[PDB]
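Visitor: So the chains spell out like this:
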Amino acid sequence: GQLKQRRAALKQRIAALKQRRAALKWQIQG
Amino acid sequence: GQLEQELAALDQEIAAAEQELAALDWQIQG
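From first to last, the protein sequence lines stand for chains B and A.
Position 21 (the first sequence) corresponds to 21 in the entry's author numbering; numbering is contiguous.
Position 18 (the second sequence) corresponds to 18 in the entry's author numbering; numbering is contiguous.
Please keep in mind that the hints were generated in silico from the structure rather than gathered at the bench.
Careful, some of the hints might be misleading.
[To be verified] The list that follows gives simulated cross-link-like pairs (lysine to any residue, SDA-like), each with its CA atoms no further than 25 Å apart:
#1 B:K4 <-> A:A15
#2 B:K11 <-> A:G1
#3 B:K25 <-> A:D25
#4 B:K18 <-> A:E13
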């Protein structure tokens, strides 16, 4: 369905944002 | 400073995405 497609795309964006966040924390720590 | 400001925006984006994700979860179930 349409909603299920937007959910999957949203979960991927969250995963990408959380990876960017984790990498930024590593930059802050060193 | 700079990195903490970038983090603030990332966490805002993650919060907004998590909010929409939970909304889609309910919408998919009716």
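Visitor: Give a verdict on every hint.
Guide: Hints and how they fare:
For the suggested pair B:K4 and A:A15, the alpha carbons sit about 20 Å apart, so the restraint of at most 25 Å is met. Between B:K11 and A:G1 the alpha-carbon distance is near 29 Å, which puts this suggested pair outside the 25 Å criterion. For the proposed pair B:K25 and A:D25, the alpha carbon gap of about 30 Å is over 25 Å, so the pair is violated. For the given pair, B:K18 sits about 10 Å from A:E13 by alpha-carbon distance, which is consistent with the 25 Å threshold.
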